[PDB]
Every structure is written in structure tokens, then in C-alpha cells.
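One chain comes next, on its own, written out as C-alpha cells in the form deposited in one PDB entry.
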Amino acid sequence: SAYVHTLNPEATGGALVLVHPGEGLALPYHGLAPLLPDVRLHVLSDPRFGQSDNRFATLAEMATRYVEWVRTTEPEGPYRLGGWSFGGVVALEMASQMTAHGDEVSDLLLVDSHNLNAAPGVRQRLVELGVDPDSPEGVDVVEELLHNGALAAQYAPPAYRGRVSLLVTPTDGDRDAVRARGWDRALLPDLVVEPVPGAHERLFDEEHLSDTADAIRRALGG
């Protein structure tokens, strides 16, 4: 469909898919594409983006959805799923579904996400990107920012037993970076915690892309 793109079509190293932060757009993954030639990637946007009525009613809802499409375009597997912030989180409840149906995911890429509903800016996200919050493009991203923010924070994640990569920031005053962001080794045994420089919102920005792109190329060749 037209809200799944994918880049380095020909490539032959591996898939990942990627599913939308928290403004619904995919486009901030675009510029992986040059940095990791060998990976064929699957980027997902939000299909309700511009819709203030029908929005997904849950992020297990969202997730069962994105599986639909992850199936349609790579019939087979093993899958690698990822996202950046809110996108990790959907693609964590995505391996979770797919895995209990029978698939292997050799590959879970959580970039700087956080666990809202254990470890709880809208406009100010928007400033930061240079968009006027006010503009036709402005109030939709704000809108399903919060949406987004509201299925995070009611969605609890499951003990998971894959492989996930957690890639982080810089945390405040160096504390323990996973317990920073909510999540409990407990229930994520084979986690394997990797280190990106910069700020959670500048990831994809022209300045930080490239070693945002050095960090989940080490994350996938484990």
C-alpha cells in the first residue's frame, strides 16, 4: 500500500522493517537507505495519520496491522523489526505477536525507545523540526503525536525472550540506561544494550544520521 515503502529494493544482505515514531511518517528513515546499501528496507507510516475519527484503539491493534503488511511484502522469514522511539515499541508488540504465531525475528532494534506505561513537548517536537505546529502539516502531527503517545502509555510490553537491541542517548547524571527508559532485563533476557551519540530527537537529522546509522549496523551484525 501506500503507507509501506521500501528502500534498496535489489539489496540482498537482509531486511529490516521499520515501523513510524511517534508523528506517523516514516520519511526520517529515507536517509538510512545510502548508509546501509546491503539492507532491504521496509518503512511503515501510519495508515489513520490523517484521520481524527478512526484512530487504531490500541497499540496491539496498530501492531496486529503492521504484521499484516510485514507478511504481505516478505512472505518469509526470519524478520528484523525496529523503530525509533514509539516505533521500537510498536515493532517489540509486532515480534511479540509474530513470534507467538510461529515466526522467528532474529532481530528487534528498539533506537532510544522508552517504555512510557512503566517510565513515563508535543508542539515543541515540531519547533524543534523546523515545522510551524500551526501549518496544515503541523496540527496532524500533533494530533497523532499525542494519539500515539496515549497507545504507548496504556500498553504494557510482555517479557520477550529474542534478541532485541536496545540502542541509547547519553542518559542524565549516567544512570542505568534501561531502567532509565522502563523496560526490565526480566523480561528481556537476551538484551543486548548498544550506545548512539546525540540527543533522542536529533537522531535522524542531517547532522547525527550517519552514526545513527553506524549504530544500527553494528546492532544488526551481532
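Throughout, rigid core stands for the largest set of C-alpha atoms superposing within 1.5 Å between the two forms. Positions refer to the first chain, counted from 1. Compared with the form deposited in another entry:
Aligning the rigid core between the two forms and inspecting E128, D103, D140, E74, the C-alpha positions shift by 2 Å or more at one residue, which is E128.
After superposition on the rigid core, displacement of the C-alpha of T171 between the two forms amounts to 2 Å or more.
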The other form holds:
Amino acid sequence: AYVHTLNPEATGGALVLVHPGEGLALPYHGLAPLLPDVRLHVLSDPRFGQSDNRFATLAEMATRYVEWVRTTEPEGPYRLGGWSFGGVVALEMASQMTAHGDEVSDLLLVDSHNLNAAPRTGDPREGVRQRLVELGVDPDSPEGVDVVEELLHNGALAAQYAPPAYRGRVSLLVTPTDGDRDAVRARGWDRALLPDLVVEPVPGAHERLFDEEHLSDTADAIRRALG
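Now that the form deposited in one PDB entry has been shown, please provide the structure of the form deposited in another entry.
There are no partners or other molecules in what follows, just the one chain.
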């Protein structure tokens, strides 16, 4: 229902990708022909479009998703990741799974930020609406209403989540936006939290990484990070 598998007959490995802040794993579908020999398990938010029975914490969402992953891929080692918010969820999943004794060989953070380290800007909903308008999404259409609520709830879960230290291998893919700024620190991470980290550049803007025109570069960055 909310777990979809692309390239299900592939024999080259498996990757689990968690939806970004807008709640749907649809942007990952374009990866299938670029990673045709990787089974891609893509998770969407089962509460998308609902106002009730929301997750109370990011850790609860991660726990549900770990159950899904274990049903889909009962044997490790596991490779987990996600774009933006999805990466943060993947981190918590990896943490939980590694504490239970599962092997997580790769954690993929595609331009993920740690908003728990960030200052409160302005009104949260006003900010989400303004950003959606800038992205050409109508915030008062029905789809827009669902997406606004999704971004609001996932952003608040992320801001509440204080990430743990994670000792497994982590790949952080970063857009070319930092310059002399440290790319790890600028996203609210540090090497005490992520001691085994490789930073991979990926071209394009945060929002456009899974556009058709960027998918090939992004897939190359993913492939390099995984091997």
C-alpha cells in the first residue's frame, strides 16, 4: 500500500529509500532505469492526506518503517537512505536496526538537514506556503492542502528529533551551495555524530535533484556513494 518495489527482479542488491518531507516516494521512481539492477524499496507516509492519527515522534515513524523493511527484505545487510527529511528518518531507522543486531552497510543522506539544530525562522505554515508557491505548487488546491500539512508535520517531527551518533558508514550527498562553508556542519551535522562519513557532491538545487534533467547525475552520486 505504502511500500513500493522497483526493479523487483534485480539481483544486484537492494536500497531502501524513505520519502522526503512532502510525504510521497514518487520522486524516486525515476531512479529505476538508472539503477536497473538494484531492487528499490520506496516508502511513502501512510498518514499522507490524513489530519488524525499522525506520528507523535520521528522515532515512531522510523519504527513502523523498520517493520515494513523487515517484511520486504527479511535478511540484511541493509542499505537505507532518503532525500531530505527521508534521510533523517533513514538515520533513525539505521540506528534502531543496528541496535537490534541487524547489519546496515550503507546509510544514504541525499542533501538531508538536521533541523533540530536550526533556529526558528517565522510562522511555519506561512513558510511552507511561500516555498510551495515559489516551486509552482498551488497551496490552496486540494493537493496543495495535503502537501502543506505533510510538510508541516514532517518538519515539526524533524525539528523535534535530536539525532544520535551513528557509527556505520554514511554517505552525505550535498548540493554545490556551500563554498568555503563546511558542507557537513552547514547541514546541522558534525563528525561526532557521523564519524564514518563520506561527502559526495551532487549537482543541482535541493528541490530539483530528482527532476528528469538531474536524475542521471543524482543516480551517479548514489552509485558512487554505495560503491
